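Only one chain is given next, in C-alpha coordinates, and it is the form solved without its partner chain.
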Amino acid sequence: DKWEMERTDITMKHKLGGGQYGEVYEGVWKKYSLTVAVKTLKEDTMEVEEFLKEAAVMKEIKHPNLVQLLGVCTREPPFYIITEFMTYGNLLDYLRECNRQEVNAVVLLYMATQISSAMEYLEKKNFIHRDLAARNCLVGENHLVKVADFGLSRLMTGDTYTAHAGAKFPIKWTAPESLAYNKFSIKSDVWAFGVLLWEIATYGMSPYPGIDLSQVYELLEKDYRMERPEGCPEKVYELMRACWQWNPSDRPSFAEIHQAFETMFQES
(Lines of atoms letter the chains of each structure in order from A and count residues from 1; the text may use other names and numbers.)
(Lines give C-alpha, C1' and ligand atoms only; values in the text may rest on other atoms or scores of the structure.)
(Ligands and ions follow the chains in the order given, each with its own letter.)
Protein backbone atom coordinates (compact mmCIF):
# COMPACT_ATOMS: atom_id res chain seq x y z
CA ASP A 1 0.00 0.00 0.00
CA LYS A 2 0.72 3.74 0.13
CA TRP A 3 2.79 3.23 3.28
CA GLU A 4 5.45 1.05 1.71
CA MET A 5 8.74 2.76 0.97
CA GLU A 6 12.25 1.90 -0.09
CA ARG A 7 14.64 1.18 2.75
CA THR A 8 17.32 3.17 0.95
CA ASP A 9 15.22 6.34 1.36
CA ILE A 10 16.42 6.33 4.99
CA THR A 11 19.89 6.66 6.48
CA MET A 12 20.20 5.17 9.95
CA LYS A 13 21.98 7.18 12.62
CA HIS A 14 22.32 6.05 16.20
CA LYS A 15 20.22 4.07 18.71
CA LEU A 16 17.61 5.97 20.75
CA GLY A 17 16.77 5.45 24.40
CA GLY A 18 19.56 3.03 25.35
CA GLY A 19 17.60 -0.05 24.33
CA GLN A 20 14.54 0.64 26.47
CA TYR A 21 12.37 0.83 23.37
CA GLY A 22 14.07 -2.01 21.52
CA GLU A 23 15.75 -1.55 18.17
CA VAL A 24 14.91 2.07 17.56
CA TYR A 25 17.18 4.49 15.75
CA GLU A 26 17.29 8.11 14.82
CA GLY A 27 17.46 8.39 11.02
CA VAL A 28 17.32 10.85 8.13
CA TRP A 29 14.75 10.64 5.36
CA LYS A 30 17.15 12.11 2.75
CA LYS A 31 14.63 13.37 0.22
CA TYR A 32 13.12 15.67 2.85
CA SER A 33 16.18 16.36 5.02
CA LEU A 34 13.90 15.13 7.77
CA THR A 35 14.91 13.43 11.00
CA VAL A 36 12.76 10.41 11.69
CA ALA A 37 12.65 7.52 14.13
CA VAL A 38 13.07 4.01 12.78
CA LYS A 39 12.39 0.73 14.50
CA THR A 40 13.80 -2.43 13.00
CA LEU A 41 14.29 -6.07 13.84
CA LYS A 42 17.83 -7.44 13.56
CA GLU A 43 18.57 -8.57 17.13
CA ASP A 44 15.58 -10.88 17.75
CA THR A 45 13.90 -8.38 20.11
CA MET A 46 10.43 -9.40 18.99
CA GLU A 47 8.99 -12.04 16.76
CA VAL A 48 8.58 -11.23 13.06
CA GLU A 49 4.80 -11.53 12.92
CA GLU A 50 4.49 -9.39 16.09
CA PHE A 51 6.61 -6.67 14.42
CA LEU A 52 4.67 -6.78 11.21
CA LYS A 53 1.40 -6.53 13.14
CA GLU A 54 2.72 -3.49 15.04
CA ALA A 55 3.31 -1.88 11.65
CA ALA A 56 -0.19 -2.78 10.51
CA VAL A 57 -1.79 -1.29 13.59
CA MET A 58 0.23 1.93 13.32
CA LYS A 59 -1.28 2.52 9.87
CA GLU A 60 -4.69 2.91 11.55
CA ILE A 61 -3.62 5.38 14.19
CA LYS A 62 -4.06 9.09 13.38
CA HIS A 63 -4.21 11.53 16.30
CA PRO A 64 -2.16 14.64 17.19
CA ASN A 65 -0.95 13.07 20.44
CA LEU A 66 -0.03 9.58 19.23
CA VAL A 67 3.32 9.10 17.47
CA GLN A 68 2.55 9.22 13.73
CA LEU A 69 3.64 6.55 11.25
CA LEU A 70 5.39 7.89 8.14
CA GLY A 71 6.11 4.64 6.35
CA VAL A 72 7.15 1.02 6.51
CA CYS A 73 9.48 -1.41 4.78
CA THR A 74 7.78 -4.79 4.98
CA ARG A 75 8.59 -6.63 1.76
CA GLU A 76 11.84 -8.28 2.78
CA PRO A 77 14.00 -8.04 5.89
CA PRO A 78 15.26 -6.06 7.56
CA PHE A 79 11.84 -4.66 8.19
CA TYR A 80 11.40 -1.00 9.22
CA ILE A 81 8.74 1.07 10.86
CA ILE A 82 9.36 4.78 10.22
CA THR A 83 7.73 7.46 12.35
CA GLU A 84 8.00 11.13 13.20
CA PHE A 85 10.87 12.01 15.52
CA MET A 86 10.14 13.51 18.88
CA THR A 87 13.08 15.79 19.67
CA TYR A 88 13.40 15.73 23.45
CA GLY A 89 13.01 12.10 24.39
CA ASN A 90 10.66 10.74 27.11
CA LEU A 91 8.43 12.63 29.55
CA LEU A 92 10.01 11.05 32.62
CA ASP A 93 13.43 12.51 31.77
CA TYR A 94 11.78 15.75 30.60
CA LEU A 95 10.02 16.29 33.95
CA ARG A 96 13.15 15.41 35.90
CA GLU A 97 15.47 17.73 34.02
CA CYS A 98 13.16 20.66 33.27
CA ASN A 99 13.18 24.27 34.39
CA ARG A 100 10.03 24.26 36.55
CA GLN A 101 9.43 27.97 36.03
CA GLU A 102 8.87 27.03 32.35
CA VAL A 103 7.22 23.63 32.99
CA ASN A 104 4.80 25.12 35.50
CA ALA A 105 1.33 24.25 36.77
CA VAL A 106 -0.37 25.28 33.52
CA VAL A 107 2.05 23.14 31.52
CA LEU A 108 1.38 20.07 33.73
CA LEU A 109 -2.36 20.42 32.94
CA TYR A 110 -1.49 20.87 29.25
CA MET A 111 0.52 17.62 29.37
CA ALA A 112 -2.28 15.73 31.10
CA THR A 113 -4.81 17.06 28.60
CA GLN A 114 -2.69 15.91 25.65
CA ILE A 115 -2.13 12.39 27.00
CA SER A 116 -5.84 11.97 27.96
CA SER A 117 -6.77 13.10 24.44
CA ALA A 118 -4.65 10.28 22.98
CA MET A 119 -6.15 7.78 25.39
CA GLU A 120 -9.72 8.92 24.63
CA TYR A 121 -8.93 8.18 20.95
CA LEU A 122 -7.61 4.69 21.76
CA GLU A 123 -10.70 4.07 23.92
CA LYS A 124 -13.01 5.11 21.06
CA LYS A 125 -11.05 3.00 18.54
CA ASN A 126 -11.06 -0.24 20.58
CA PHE A 127 -7.37 -0.41 21.39
CA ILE A 128 -5.56 -0.80 24.70
CA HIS A 129 -2.02 0.30 25.46
CA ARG A 130 -0.85 -1.81 28.46
CA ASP A 131 2.23 0.20 29.26
CA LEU A 132 1.14 3.75 29.90
CA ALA A 133 3.81 5.59 31.94
CA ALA A 134 5.93 8.72 31.65
CA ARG A 135 8.81 6.73 30.15
CA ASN A 136 6.40 5.87 27.29
CA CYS A 137 5.26 9.40 26.51
CA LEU A 138 7.54 11.35 24.14
CA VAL A 139 8.09 15.11 24.11
CA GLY A 140 8.77 17.69 21.39
CA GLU A 141 9.14 21.44 21.37
CA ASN A 142 6.77 23.63 23.34
CA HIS A 143 5.72 20.83 25.67
CA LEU A 144 4.07 18.80 22.87
CA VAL A 145 3.53 15.28 24.26
CA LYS A 146 2.66 12.14 22.31
CA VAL A 147 1.93 8.71 23.68
CA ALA A 148 4.16 6.02 22.21
CA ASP A 149 2.07 3.59 20.18
CA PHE A 150 4.20 0.55 20.03
CA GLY A 151 2.52 -2.46 21.63
CA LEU A 152 -1.12 -1.52 21.10
CA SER A 153 -3.62 -4.41 21.20
CA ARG A 154 -7.03 -4.58 19.58
CA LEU A 155 -9.76 -5.03 22.18
CA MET A 156 -13.40 -4.10 21.95
CA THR A 157 -14.05 -1.43 24.55
CA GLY A 158 -15.94 -3.59 26.98
CA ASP A 159 -13.80 -6.72 26.79
CA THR A 160 -10.76 -8.10 28.62
CA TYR A 161 -7.30 -9.12 27.42
CA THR A 162 -5.49 -11.87 29.30
CA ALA A 163 -1.73 -11.67 29.20
CA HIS A 164 0.43 -14.65 28.66
CA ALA A 165 1.30 -16.99 31.40
CA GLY A 166 4.60 -15.90 32.87
CA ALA A 167 4.38 -12.29 31.74
CA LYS A 168 6.26 -9.78 33.91
CA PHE A 169 4.71 -6.29 34.42
CA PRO A 170 5.80 -2.80 35.61
CA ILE A 171 4.26 -3.46 38.92
CA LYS A 172 3.90 0.12 40.16
CA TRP A 173 1.79 1.06 37.12
CA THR A 174 -0.27 -2.16 36.97
CA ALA A 175 -3.92 -2.42 38.00
CA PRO A 176 -4.82 -4.98 40.67
CA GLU A 177 -6.81 -7.19 38.27
CA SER A 178 -3.70 -7.31 36.01
CA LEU A 179 -1.41 -8.14 38.86
CA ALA A 180 -3.65 -10.89 40.26
CA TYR A 181 -5.29 -12.32 37.15
CA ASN A 182 -3.30 -11.03 34.16
CA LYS A 183 -6.48 -9.15 33.09
CA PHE A 184 -6.17 -5.91 31.10
CA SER A 185 -8.71 -3.57 29.67
CA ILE A 186 -9.11 0.13 28.86
CA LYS A 187 -9.83 0.44 32.59
CA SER A 188 -6.35 -0.93 33.50
CA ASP A 189 -5.01 1.78 31.14
CA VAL A 190 -7.07 4.26 33.27
CA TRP A 191 -5.30 2.88 36.40
CA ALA A 192 -1.92 3.41 34.75
CA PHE A 193 -3.00 6.93 33.67
CA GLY A 194 -3.56 7.77 37.36
CA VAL A 195 0.00 6.68 38.15
CA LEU A 196 1.16 8.81 35.21
CA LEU A 197 -0.71 11.78 36.69
CA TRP A 198 1.25 11.19 39.91
CA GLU A 199 4.49 11.12 37.91
CA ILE A 200 3.55 14.43 36.27
CA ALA A 201 2.59 16.01 39.55
CA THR A 202 5.90 14.98 41.15
CA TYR A 203 8.02 15.96 38.20
CA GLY A 204 9.07 12.34 37.70
CA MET A 205 9.42 10.79 41.09
CA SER A 206 9.39 7.00 41.25
CA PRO A 207 5.95 5.79 42.45
CA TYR A 208 5.41 4.16 45.89
CA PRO A 209 8.72 5.55 47.00
CA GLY A 210 10.75 3.06 49.06
CA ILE A 211 8.03 0.44 48.94
CA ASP A 212 8.97 -3.12 48.27
CA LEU A 213 7.46 -4.25 44.91
CA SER A 214 6.36 -7.49 46.51
CA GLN A 215 4.20 -5.48 48.94
CA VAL A 216 2.47 -3.15 46.45
CA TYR A 217 -0.46 -5.45 45.65
CA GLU A 218 -0.94 -6.22 49.37
CA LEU A 219 -1.13 -2.48 50.14
CA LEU A 220 -3.64 -1.88 47.35
CA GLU A 221 -5.88 -4.72 48.62
CA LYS A 222 -5.81 -3.09 52.05
CA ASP A 223 -6.98 0.21 50.43
CA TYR A 224 -3.65 2.07 50.54
CA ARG A 225 -3.18 4.64 47.77
CA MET A 226 -0.39 7.18 47.24
CA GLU A 227 -1.01 10.49 48.96
CA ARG A 228 -1.58 13.77 47.21
CA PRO A 229 1.69 15.33 45.96
CA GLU A 230 2.89 18.66 47.12
CA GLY A 231 1.34 21.30 44.90
CA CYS A 232 -1.11 18.93 43.29
CA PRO A 233 -4.56 20.53 42.93
CA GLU A 234 -7.32 18.75 44.85
CA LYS A 235 -9.40 18.24 41.67
CA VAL A 236 -6.43 16.56 39.99
CA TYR A 237 -5.89 14.28 42.98
CA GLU A 238 -9.66 13.43 43.02
CA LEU A 239 -9.19 12.25 39.40
CA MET A 240 -6.14 10.23 40.31
CA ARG A 241 -8.00 8.51 43.13
CA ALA A 242 -10.93 7.74 40.81
CA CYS A 243 -8.45 6.09 38.40
CA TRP A 244 -7.40 3.87 41.33
CA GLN A 245 -10.82 2.49 42.24
CA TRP A 246 -10.41 -1.24 42.93
CA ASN A 247 -13.27 -2.23 40.60
CA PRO A 248 -12.39 -1.41 36.97
CA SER A 249 -16.00 -0.49 36.24
CA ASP A 250 -15.87 2.29 38.78
CA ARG A 251 -12.95 4.07 37.15
CA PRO A 252 -13.73 7.00 34.87
CA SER A 253 -13.55 6.75 31.06
CA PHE A 254 -10.86 8.56 29.16
CA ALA A 255 -13.58 10.65 27.55
CA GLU A 256 -14.54 11.84 31.09
CA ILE A 257 -10.90 12.35 32.13
CA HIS A 258 -10.02 14.31 29.00
CA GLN A 259 -13.06 16.56 29.43
CA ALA A 260 -12.08 17.34 33.02
CA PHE A 261 -8.52 18.22 32.04
CA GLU A 262 -9.49 20.24 28.98
CA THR A 263 -11.72 22.32 31.26
CA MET A 264 -9.03 22.80 33.92
CA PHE A 265 -6.50 23.74 31.23
CA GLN A 266 -8.85 26.22 29.57
CA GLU A 267 -9.63 27.87 32.92
CA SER A 268 -6.07 28.18 34.15
The other form holds:
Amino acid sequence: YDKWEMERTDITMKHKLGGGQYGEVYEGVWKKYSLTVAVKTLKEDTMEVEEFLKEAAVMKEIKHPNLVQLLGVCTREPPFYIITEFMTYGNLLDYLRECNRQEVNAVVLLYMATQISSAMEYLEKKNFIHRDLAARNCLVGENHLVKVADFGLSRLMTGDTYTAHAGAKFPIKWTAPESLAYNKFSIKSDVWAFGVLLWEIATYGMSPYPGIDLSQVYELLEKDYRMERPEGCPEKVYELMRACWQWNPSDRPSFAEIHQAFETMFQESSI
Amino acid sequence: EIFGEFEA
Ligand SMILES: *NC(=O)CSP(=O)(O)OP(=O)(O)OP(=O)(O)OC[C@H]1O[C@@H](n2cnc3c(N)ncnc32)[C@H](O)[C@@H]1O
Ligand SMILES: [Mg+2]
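Mind pulling up the form solved in complex with its partner chain next to the form solved without its partner chain we just looked at?
Full assembly next; the chain just shown is listed first.
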Protein backbone atom coordinates (compact mmCIF):
# COMPACT_ATOMS: atom_id res chain seq x y z
CA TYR A 1 0.00 0.00 0.00
CA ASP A 2 3.05 2.25 -0.46
CA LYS A 3 1.22 4.23 -3.11
CA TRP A 4 -1.22 5.58 -0.52
CA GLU A 5 0.20 5.05 2.96
CA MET A 6 1.27 8.46 4.20
CA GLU A 7 2.90 9.99 7.26
CA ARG A 8 1.33 12.80 9.30
CA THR A 9 4.28 15.06 8.47
CA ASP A 10 3.49 14.65 4.76
CA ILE A 11 0.57 17.02 5.32
CA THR A 12 0.35 20.56 6.65
CA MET A 13 -2.77 20.83 8.82
CA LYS A 14 -4.79 24.03 8.58
CA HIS A 15 -8.16 25.03 10.08
CA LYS A 16 -10.89 22.63 11.21
CA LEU A 17 -13.78 22.37 8.75
CA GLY A 18 -16.13 20.48 11.04
CA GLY A 19 -16.62 16.90 12.14
CA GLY A 20 -18.99 14.03 12.86
CA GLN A 21 -19.34 10.60 14.47
CA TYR A 22 -16.04 9.34 13.05
CA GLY A 23 -13.69 12.24 13.62
CA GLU A 24 -12.85 15.85 12.84
CA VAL A 25 -12.14 17.23 9.36
CA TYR A 26 -9.41 19.75 8.60
CA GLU A 27 -8.24 21.50 5.47
CA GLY A 28 -4.71 20.36 4.79
CA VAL A 29 -1.94 20.56 2.24
CA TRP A 30 -0.22 17.52 0.80
CA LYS A 31 3.25 19.12 0.69
CA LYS A 32 4.68 16.93 -2.06
CA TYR A 33 2.12 18.35 -4.50
CA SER A 34 1.21 21.65 -2.83
CA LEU A 35 -2.27 20.16 -3.03
CA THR A 36 -5.11 21.22 -0.74
CA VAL A 37 -6.83 18.11 0.63
CA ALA A 38 -9.39 17.17 3.27
CA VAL A 39 -7.94 15.41 6.30
CA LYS A 40 -10.16 13.39 8.61
CA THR A 41 -8.52 12.61 11.93
CA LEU A 42 -10.37 9.56 13.21
CA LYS A 43 -11.23 9.13 16.90
CA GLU A 44 -9.16 6.68 18.95
CA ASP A 45 -10.48 3.23 18.06
CA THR A 46 -9.95 -0.50 18.56
CA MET A 47 -10.30 -1.80 14.99
CA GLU A 48 -7.51 -4.10 13.82
CA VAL A 49 -4.92 -2.31 11.68
CA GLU A 50 -4.98 -5.16 9.15
CA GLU A 51 -8.76 -4.98 8.85
CA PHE A 52 -8.60 -1.19 8.53
CA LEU A 53 -6.10 -1.31 5.66
CA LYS A 54 -7.91 -4.10 3.79
CA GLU A 55 -11.06 -1.97 3.94
CA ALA A 56 -9.16 1.16 2.91
CA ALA A 57 -7.66 -0.73 -0.05
CA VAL A 58 -11.19 -1.38 -1.35
CA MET A 59 -12.06 2.31 -0.99
CA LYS A 60 -8.87 3.29 -2.84
CA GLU A 61 -10.24 1.51 -5.90
CA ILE A 62 -13.43 3.58 -5.86
CA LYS A 63 -12.75 5.83 -8.86
CA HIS A 64 -15.63 7.74 -10.41
CA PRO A 65 -16.21 11.35 -11.54
CA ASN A 66 -18.86 11.78 -8.83
CA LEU A 67 -17.22 10.05 -5.86
CA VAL A 68 -14.76 11.86 -3.59
CA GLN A 69 -11.46 10.09 -4.02
CA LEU A 70 -9.48 8.56 -1.19
CA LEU A 71 -5.96 9.93 -1.63
CA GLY A 72 -4.24 8.25 1.30
CA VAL A 73 -4.19 7.25 4.95
CA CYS A 74 -1.73 7.93 7.77
CA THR A 75 -1.45 4.67 9.70
CA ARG A 76 1.95 4.69 11.40
CA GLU A 77 0.33 6.43 14.37
CA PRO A 78 -3.13 5.52 15.67
CA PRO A 79 -5.71 7.02 15.53
CA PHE A 80 -5.49 6.97 11.74
CA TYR A 81 -5.93 9.90 9.35
CA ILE A 82 -7.95 9.66 6.13
CA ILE A 83 -6.86 11.96 3.28
CA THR A 84 -9.46 12.72 0.57
CA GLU A 85 -9.89 15.16 -2.28
CA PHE A 86 -10.92 18.64 -1.12
CA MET A 87 -14.38 19.85 -2.25
CA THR A 88 -14.44 23.66 -2.44
CA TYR A 89 -18.12 24.30 -1.66
CA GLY A 90 -18.65 22.13 1.41
CA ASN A 91 -21.50 19.72 2.13
CA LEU A 92 -24.70 19.73 0.05
CA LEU A 93 -27.06 20.27 2.99
CA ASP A 94 -25.59 23.65 3.96
CA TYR A 95 -25.11 24.47 0.28
CA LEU A 96 -28.82 24.06 -0.42
CA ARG A 97 -29.87 25.92 2.75
CA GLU A 98 -27.76 28.95 1.83
CA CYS A 99 -27.98 28.95 -1.96
CA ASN A 100 -29.70 31.33 -4.35
CA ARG A 101 -32.76 29.34 -5.41
CA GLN A 102 -33.11 31.27 -8.66
CA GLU A 103 -29.61 30.05 -9.51
CA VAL A 104 -29.99 26.56 -8.02
CA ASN A 105 -33.30 25.97 -9.80
CA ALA A 106 -35.30 22.90 -10.81
CA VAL A 107 -32.82 21.96 -13.53
CA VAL A 108 -29.88 22.20 -11.12
CA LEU A 109 -31.65 20.13 -8.44
CA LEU A 110 -32.21 17.56 -11.17
CA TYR A 111 -28.53 17.75 -12.17
CA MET A 112 -27.44 17.18 -8.56
CA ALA A 113 -29.70 14.13 -8.25
CA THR A 114 -28.38 12.79 -11.57
CA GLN A 115 -24.76 13.02 -10.40
CA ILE A 116 -25.49 11.35 -7.06
CA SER A 117 -27.39 8.51 -8.77
CA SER A 118 -24.40 8.00 -11.10
CA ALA A 119 -22.04 7.69 -8.14
CA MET A 120 -24.38 5.24 -6.41
CA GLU A 121 -24.86 3.16 -9.55
CA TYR A 122 -21.08 2.81 -9.45
CA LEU A 123 -21.04 1.75 -5.77
CA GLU A 124 -23.80 -0.76 -6.56
CA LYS A 125 -21.71 -2.14 -9.44
CA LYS A 126 -18.82 -2.58 -7.01
CA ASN A 127 -21.12 -4.09 -4.41
CA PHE A 128 -19.90 -1.36 -2.06
CA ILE A 129 -22.36 -0.33 0.66
CA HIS A 130 -22.17 3.37 1.55
CA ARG A 131 -24.20 3.14 4.77
CA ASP A 132 -24.23 6.91 5.41
CA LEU A 133 -25.87 8.30 2.29
CA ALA A 134 -27.44 11.67 3.03
CA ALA A 135 -27.06 15.32 2.05
CA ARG A 136 -24.43 15.73 4.77
CA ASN A 137 -22.33 13.20 2.86
CA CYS A 138 -22.64 14.84 -0.55
CA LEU A 139 -20.05 17.54 -1.30
CA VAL A 140 -20.14 20.44 -3.75
CA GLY A 141 -17.58 21.75 -6.20
CA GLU A 142 -17.55 24.47 -8.85
CA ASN A 143 -20.45 24.77 -11.31
CA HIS A 144 -22.85 22.65 -9.21
CA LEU A 145 -20.54 19.64 -9.27
CA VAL A 146 -21.71 17.13 -6.64
CA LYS A 147 -19.74 14.17 -5.31
CA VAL A 148 -20.76 11.48 -2.85
CA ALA A 149 -18.32 11.15 0.05
CA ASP A 150 -17.42 9.13 3.14
CA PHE A 151 -18.69 5.91 1.58
CA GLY A 152 -18.17 2.86 3.81
CA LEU A 153 -16.54 5.00 6.50
CA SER A 154 -18.41 3.08 9.21
CA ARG A 155 -16.35 0.01 8.35
CA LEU A 156 -13.12 1.75 9.36
CA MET A 157 -14.30 2.20 12.96
CA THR A 158 -15.64 -0.09 15.67
CA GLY A 159 -16.85 2.84 17.75
CA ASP A 160 -20.18 2.24 19.45
CA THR A 161 -20.69 -1.15 17.85
CA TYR A 162 -21.51 -2.40 21.35
CA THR A 163 -23.39 -0.64 24.14
CA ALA A 164 -25.27 -1.65 27.29
CA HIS A 165 -28.17 0.53 26.15
CA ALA A 166 -31.29 -1.16 24.83
CA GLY A 167 -31.50 -0.97 21.04
CA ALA A 168 -28.94 0.70 18.77
CA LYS A 169 -27.98 4.19 17.57
CA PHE A 170 -28.94 5.21 14.05
CA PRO A 171 -29.41 8.31 11.87
CA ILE A 172 -33.01 7.15 12.13
CA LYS A 173 -34.78 9.15 9.45
CA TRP A 174 -32.37 7.98 6.72
CA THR A 175 -32.46 4.36 7.87
CA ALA A 176 -34.39 1.70 5.95
CA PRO A 177 -36.96 -0.35 7.97
CA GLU A 178 -35.04 -3.63 7.80
CA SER A 179 -31.86 -1.85 8.88
CA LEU A 180 -33.61 -0.47 11.95
CA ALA A 181 -34.99 -3.95 12.65
CA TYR A 182 -31.78 -5.96 12.17
CA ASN A 183 -29.00 -3.37 12.25
CA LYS A 184 -27.81 -4.81 8.92
CA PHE A 185 -27.26 -2.85 5.71
CA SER A 186 -27.16 -3.43 1.96
CA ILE A 187 -27.22 -1.62 -1.38
CA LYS A 188 -31.00 -1.62 -0.99
CA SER A 189 -30.78 0.13 2.37
CA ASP A 190 -28.63 2.69 0.52
CA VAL A 191 -31.49 2.99 -1.98
CA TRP A 192 -33.92 3.87 0.82
CA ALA A 193 -31.46 6.51 2.05
CA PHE A 194 -31.17 7.87 -1.50
CA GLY A 195 -34.92 8.45 -1.38
CA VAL A 196 -34.62 10.57 1.78
CA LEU A 197 -31.69 12.41 0.15
CA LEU A 198 -33.94 13.25 -2.84
CA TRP A 199 -36.40 14.72 -0.34
CA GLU A 200 -33.57 16.76 1.23
CA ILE A 201 -32.67 18.12 -2.20
CA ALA A 202 -36.28 18.79 -3.17
CA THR A 203 -36.75 20.85 0.02
CA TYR A 204 -33.47 22.74 -0.21
CA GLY A 205 -32.14 21.00 2.88
CA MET A 206 -35.04 20.63 5.33
CA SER A 207 -34.84 17.97 8.06
CA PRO A 208 -36.89 14.89 7.04
CA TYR A 209 -40.23 13.87 8.61
CA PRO A 210 -40.61 17.35 10.15
CA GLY A 211 -42.48 17.27 13.45
CA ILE A 212 -42.26 13.49 13.79
CA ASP A 213 -40.31 12.21 16.81
CA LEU A 214 -37.47 9.83 15.87
CA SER A 215 -39.01 7.14 18.07
CA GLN A 216 -42.25 7.27 16.06
CA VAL A 217 -40.74 6.69 12.60
CA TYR A 218 -40.58 2.89 12.43
CA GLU A 219 -44.22 2.34 13.44
CA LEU A 220 -45.43 4.92 10.93
CA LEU A 221 -43.38 3.31 8.15
CA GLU A 222 -44.69 -0.14 9.04
CA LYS A 223 -48.25 1.17 8.63
CA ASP A 224 -47.38 2.53 5.18
CA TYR A 225 -46.88 6.19 6.09
CA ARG A 226 -44.40 7.98 3.82
CA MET A 227 -43.40 11.64 3.51
CA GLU A 228 -45.69 13.51 1.13
CA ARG A 229 -44.58 15.25 -2.08
CA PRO A 230 -42.48 18.35 -1.29
CA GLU A 231 -43.79 21.64 -2.67
CA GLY A 232 -42.58 22.07 -6.24
CA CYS A 233 -41.29 18.50 -6.49
CA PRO A 234 -42.06 17.00 -9.90
CA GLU A 235 -44.51 14.08 -9.81
CA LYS A 236 -42.01 11.72 -11.41
CA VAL A 237 -39.26 12.55 -8.92
CA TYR A 238 -41.68 11.86 -6.08
CA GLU A 239 -42.58 8.62 -7.85
CA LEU A 240 -38.92 7.56 -7.71
CA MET A 241 -38.78 8.70 -4.07
CA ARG A 242 -41.70 6.41 -3.22
CA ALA A 243 -40.16 3.51 -5.14
CA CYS A 244 -37.05 3.93 -2.98
CA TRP A 245 -39.23 3.60 0.11
CA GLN A 246 -40.80 0.25 -0.72
CA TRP A 247 -41.03 -1.77 2.49
CA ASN A 248 -39.47 -4.87 0.95
CA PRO A 249 -35.88 -4.04 -0.10
CA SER A 250 -36.38 -6.43 -3.01
CA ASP A 251 -39.12 -4.18 -4.41
CA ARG A 252 -36.87 -1.11 -4.50
CA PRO A 253 -35.29 -0.08 -7.80
CA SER A 254 -31.58 -0.60 -8.40
CA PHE A 255 -29.32 2.46 -8.62
CA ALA A 256 -28.71 1.63 -12.29
CA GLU A 257 -32.46 2.00 -12.87
CA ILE A 258 -32.59 5.18 -10.78
CA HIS A 259 -29.67 6.73 -12.66
CA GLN A 260 -31.23 5.87 -16.01
CA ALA A 261 -34.48 7.46 -14.89
CA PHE A 262 -32.73 10.66 -13.85
CA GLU A 263 -30.57 10.86 -16.98
CA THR A 264 -33.80 10.82 -18.98
CA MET A 265 -35.46 13.45 -16.79
CA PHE A 266 -32.32 15.59 -16.98
CA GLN A 267 -32.24 15.28 -20.77
CA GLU A 268 -35.89 16.22 -21.30
CA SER A 269 -35.59 19.05 -18.78
CA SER A 270 -32.46 20.35 -20.52
CA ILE A 271 -34.46 21.51 -23.54
CA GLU B 1 -31.18 15.71 16.23
CA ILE B 2 -29.97 13.23 13.61
CA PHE B 3 -29.14 10.27 15.84
CA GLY B 4 -31.48 8.42 18.12
CA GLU B 5 -31.64 4.99 19.71
CA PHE B 6 -34.02 2.38 18.40
CA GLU B 7 -35.06 -0.88 20.02
CA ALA B 8 -36.59 -3.36 17.59
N1 LIG C 1 -24.18 9.34 11.90
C2 LIG C 1 -23.96 10.02 10.78
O3 LIG C 1 -24.75 10.95 10.54
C4 LIG C 1 -22.79 9.73 9.83
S5 LIG C 1 -22.31 11.00 8.91
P6 LIG C 1 -21.12 11.92 10.02
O7 LIG C 1 -19.71 11.64 9.81
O8 LIG C 1 -21.53 11.67 11.41
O9 LIG C 1 -21.16 13.49 9.86
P10 LIG C 1 -20.80 14.37 8.64
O11 LIG C 1 -21.72 15.51 8.60
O12 LIG C 1 -20.77 13.55 7.39
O13 LIG C 1 -19.44 15.01 8.55
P14 LIG C 1 -17.80 14.68 8.52
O15 LIG C 1 -17.10 14.45 9.77
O16 LIG C 1 -17.75 13.75 7.37
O17 LIG C 1 -17.54 16.23 8.33
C18 LIG C 1 -18.17 16.84 7.31
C19 LIG C 1 -17.83 18.30 7.27
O20 LIG C 1 -16.43 18.49 7.10
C21 LIG C 1 -16.18 19.14 5.90
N22 LIG C 1 -15.67 18.12 4.89
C23 LIG C 1 -15.66 16.70 4.89
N24 LIG C 1 -15.14 16.06 3.88
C25 LIG C 1 -14.75 17.11 3.11
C26 LIG C 1 -14.09 17.21 1.85
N27 LIG C 1 -13.73 16.02 1.15
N28 LIG C 1 -13.81 18.46 1.29
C29 LIG C 1 -14.16 19.64 1.95
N30 LIG C 1 -14.79 19.70 3.17
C31 LIG C 1 -15.06 18.40 3.71
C32 LIG C 1 -17.54 19.80 5.49
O33 LIG C 1 -17.71 21.17 5.89
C34 LIG C 1 -18.55 18.88 6.12
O35 LIG C 1 -19.70 19.53 6.60
MG1 LIG D 1 -19.21 12.85 6.21
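Rigid core (definition): largest C-alpha set, two forms, superposition within 1.5 Å. Numbering follows the first chain given and starts at 1.
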property: Of the candidates 235, 30, 228, 62, the only Cα that travels 2 Å or more between these two forms, given a rigid-core fit; result: 30
property: Shift of residue 127 between these two forms at or above 2 Å (CA, core fit); result: no
